[PDB]
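Quick heads-up: it's one chain on its own, the form deposited in one PDB entry, in structure tokens.
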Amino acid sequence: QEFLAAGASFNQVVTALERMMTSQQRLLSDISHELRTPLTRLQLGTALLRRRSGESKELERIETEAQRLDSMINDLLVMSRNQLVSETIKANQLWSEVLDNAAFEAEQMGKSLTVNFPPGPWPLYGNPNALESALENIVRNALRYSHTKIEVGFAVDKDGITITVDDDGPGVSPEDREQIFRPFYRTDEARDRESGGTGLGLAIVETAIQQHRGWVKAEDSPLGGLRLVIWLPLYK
């Protein structure tokens, strides 16, 4: 009872702490509830379109990118009140969809996205969501900060998978190349760029790969821009 002032009832301290310790969980839990309802509307609209104009490749795209949003809103409502989760996955199962999307988006950008070698049925053990996010972020970094080409190659051996993403955009100067995995950081060249956005991307990448005992590098790219290499280990 060292927590409120010197004379509060026992019921008073009980409730005082209960508010104190559930406050961020409830904020997230409510932020979660609030994102859900406009998405739910957005989904009813697509339903009502499919009822009228019927099936459509564009529609199906909206229809599923909706579903991705619905899933992640459900992740917030989970891990808010929880405060780690892992399972076994094959690499093709893991990242194929990430790459197919990278393709659809690269085409909309009018940019060439090539996958030199694709992920095989290679054993990983970890968090599916985290690893997808790791790959998607360095790929879409490359999609954006590139001029025209984007290249992605997978490599496997007894020890594990090595993903290599290349672009022909501007490089990242050697000095900046270390600090770009730190949160909210952007190269001086990029905040000057008309591109805007939080420096969170590569920071999410580093913490997902480091939590799977892997590593990430930023390097010179044979394509002229920036090379990003992920390395994860296989599972026994």
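Only residues modelled in both forms are compared. Superpose the two forms; the largest set of C-alphas matching within 1.5 Å is the rigid core. Positions refer to the first chain, counted from 1. What changes on going to the form deposited in another entry:
Fit the rigid core and compare the CA positions between these two forms: of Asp75, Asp100, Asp159, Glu107, just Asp75 moves by 2 angstroms or more. After superposition on the rigid core, the Cα of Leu200 moves by less than 2 Å between these two forms. Once both forms are overlaid on the rigid core, the distance between the two CA positions of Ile62 between these two forms is 2 angstroms or more. Relative to the superposed core, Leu49 shifts its CA atom by 2 Å or more between these two forms.
Listed in sequence order, the runs of at least 3 residues with C-alpha movement of 2 Å or more between these two forms, after fitting the core, are 1-83, 194-196.
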Given for the second form:
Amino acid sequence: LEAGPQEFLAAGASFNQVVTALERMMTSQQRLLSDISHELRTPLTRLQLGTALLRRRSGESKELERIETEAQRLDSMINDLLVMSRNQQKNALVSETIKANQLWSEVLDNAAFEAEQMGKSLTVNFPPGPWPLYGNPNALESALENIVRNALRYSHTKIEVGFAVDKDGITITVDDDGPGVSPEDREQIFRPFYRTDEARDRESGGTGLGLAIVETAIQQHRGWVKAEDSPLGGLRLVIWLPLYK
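Switch from the form deposited in one PDB entry, shown above, to the form deposited in another entry and output its structure.
Only a single chain is listed, so you will not see partners or other molecules.
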């Protein structure tokens, strides 16, 4: 009931208070991570001046090449971590009651514009309705956007999005006709910085935070995410989220 307490503040309090206290925790977690990310950049710049000065004095080396490319990996990862941190900030975390159609229509309309430009096709098999959800709108927008933007990239010609409602919740299914993901990699694709060796060769995306942002948002929103085989031949991503009443 106190000053800076857990969700175990849940003992007595309403569900609503319970999630705002979680957001209180989350906002500081996001501040910790963005603060550590920002600071990691400075020993890295100094380290990089060190490698530069060494290459000047004793020239190129197998060992120096390793140190330089590892330092470069770190730089990219820290950059995408701050790109995320920038975005997750910029909007206070406030869970509100929001209707599925309002929440995701803009995402889908913008995805259609992007697809049109790429020369690919986006089909919405069944659109979202005024289905009541409870959560942070920006996190859930981002959750769908990451999944459809990934699909616009890895698809060969077509993308498909499909909504389904029930007394218990909403089921969002995204499909692509591009290459899939081997069944083994389907569990790992949700890990931060996990890219398949096939996508690592492409070099047209971030360090691999997209699906990590997705898994986190959806679990925090009392739902689930799954990667499956798509009937279109590529990847199927299924989001399930509960209904609020």
